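Only one chain comes next, encoded as structure tokens, the form solved without the named molecule.
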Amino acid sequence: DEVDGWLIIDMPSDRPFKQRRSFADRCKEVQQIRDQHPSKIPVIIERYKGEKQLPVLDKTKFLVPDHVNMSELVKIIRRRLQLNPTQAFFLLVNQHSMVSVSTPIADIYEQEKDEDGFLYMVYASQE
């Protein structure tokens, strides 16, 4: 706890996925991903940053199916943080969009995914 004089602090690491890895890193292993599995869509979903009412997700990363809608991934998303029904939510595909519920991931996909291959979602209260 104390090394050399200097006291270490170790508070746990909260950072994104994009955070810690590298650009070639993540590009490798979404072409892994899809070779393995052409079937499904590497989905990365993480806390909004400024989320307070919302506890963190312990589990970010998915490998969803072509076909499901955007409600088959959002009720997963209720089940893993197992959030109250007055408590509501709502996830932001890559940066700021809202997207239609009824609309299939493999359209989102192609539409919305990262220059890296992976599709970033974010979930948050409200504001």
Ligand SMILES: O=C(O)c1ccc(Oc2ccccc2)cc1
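Numbering follows the first chain given and starts at 1. Under this definition, the rigid core comprises the largest set of C-alpha atoms superposing within 1.5 Å between the forms. What changes on going to the form solved in complex with the named molecule:
- With the rigid core aligned between these two forms, only one of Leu81, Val30, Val43, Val99 has a CA shift of 2 Å or more: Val99.
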Contents of the next structure:
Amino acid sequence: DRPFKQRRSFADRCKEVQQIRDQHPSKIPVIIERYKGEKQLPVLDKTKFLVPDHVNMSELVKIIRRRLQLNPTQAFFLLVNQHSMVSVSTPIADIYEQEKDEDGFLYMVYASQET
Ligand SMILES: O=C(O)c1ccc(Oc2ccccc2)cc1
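Having seen the form solved without the named molecule, can you show the form solved in complex with the named molecule?
After this comes the whole thing, all chains and molecules, with the earlier chain placed first.
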């Protein structure tokens, strides 16, 4: 239940990304985690996702909203290195090159506020 980086060593995280490059070359390896202090939104069922590289960040927002089963009254923000993604209709492939972690994953955090 701890964050991903506390459950896998840096070496193991790098290895995982390299494996994903071999097995699913057209996908972006993503870690999506609930903000540390979040109180309203539920937890996702899982944290690691393989995203086809053509998916827009703004579509990813709508997909995650559906996966959390949110009403249209529930606020939801998806942040990548503190940047909100709701209006970024750019493919994740381009965000990946810019925002990837040193371990090769693309990390995101979701919250009910955009701080
Ligand atoms: O358009 C697709 O086919 C596709 C496939 C996988 C995706 O990854 C997810 C799925 C749910 C939540 C977070 C990431 C997103 C889109």
